[PDB]
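Shown below, as structure tokens, is a lone chain in the form deposited without the named molecule; questions about how it binds or moves come after it.
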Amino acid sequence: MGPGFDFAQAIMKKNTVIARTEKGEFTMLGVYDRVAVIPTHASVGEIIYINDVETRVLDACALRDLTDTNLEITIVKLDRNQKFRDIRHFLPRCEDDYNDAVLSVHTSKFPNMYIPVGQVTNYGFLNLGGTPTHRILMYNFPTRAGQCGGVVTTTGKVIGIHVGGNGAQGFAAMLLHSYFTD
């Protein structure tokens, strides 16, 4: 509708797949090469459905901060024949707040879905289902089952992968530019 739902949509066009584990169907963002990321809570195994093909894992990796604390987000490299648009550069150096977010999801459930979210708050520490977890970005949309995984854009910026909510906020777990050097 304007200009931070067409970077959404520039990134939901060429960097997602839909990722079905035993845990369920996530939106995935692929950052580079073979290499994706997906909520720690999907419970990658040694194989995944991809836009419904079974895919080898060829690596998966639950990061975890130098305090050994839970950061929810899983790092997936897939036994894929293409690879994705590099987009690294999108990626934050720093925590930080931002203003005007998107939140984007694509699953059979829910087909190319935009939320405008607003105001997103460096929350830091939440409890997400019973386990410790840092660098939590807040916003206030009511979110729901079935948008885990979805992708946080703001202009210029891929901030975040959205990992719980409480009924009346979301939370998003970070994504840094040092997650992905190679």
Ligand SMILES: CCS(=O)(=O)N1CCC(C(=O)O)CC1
The other form holds:
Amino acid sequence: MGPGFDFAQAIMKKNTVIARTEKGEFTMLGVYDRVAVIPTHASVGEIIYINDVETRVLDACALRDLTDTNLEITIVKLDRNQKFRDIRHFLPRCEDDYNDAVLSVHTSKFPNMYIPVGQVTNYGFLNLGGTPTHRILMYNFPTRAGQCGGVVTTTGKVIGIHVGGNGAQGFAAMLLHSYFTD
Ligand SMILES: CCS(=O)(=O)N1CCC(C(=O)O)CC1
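Got the form deposited without the named molecule; any chance of the form deposited with the named molecule bound too?
Following is the full complex, with the preceding chain placed first.
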């Protein structure tokens, strides 16, 4: 509808796949080469389905901060025959607050879904499903089951992936440039 939705669509159309684990179907963001991200509660194993194709997992790392606190991000390297467009230059370098974000989802249940979530707070600590979690972003939208893995963008920046909600607020794990150096 406007330039926020423009940037979100550009990310969805080239840098997302549908990931399926034994815990469900997730929006999955491809970042560069064969490297993608998914919420850690997806419980990625040795095999994952990517757009309904059986795919070997070459590596999966559940990220934690240097206090050994959950970040709710798993970085997955896929045995895929095709690379992602490199979008690492759209990742923030530091923790921050944002205005006018969009949450974008693409699954069998919710194809081509875009939600203007408005202002995003650097919330920090969250007890997420009983697990102490850091680097949480919060937005005042009543997000629902089916949206985990959704991509949070502003114009020009990919800032997080949706990991949970409390019925009135939604929560995303931050993406930082430093997670994807090589
Ligand atoms: C109003 C422009 S924008 O922020 O939506 N956007 C800039 C270039 C983006 C890209 O390189 O993919 C997609 C479009």
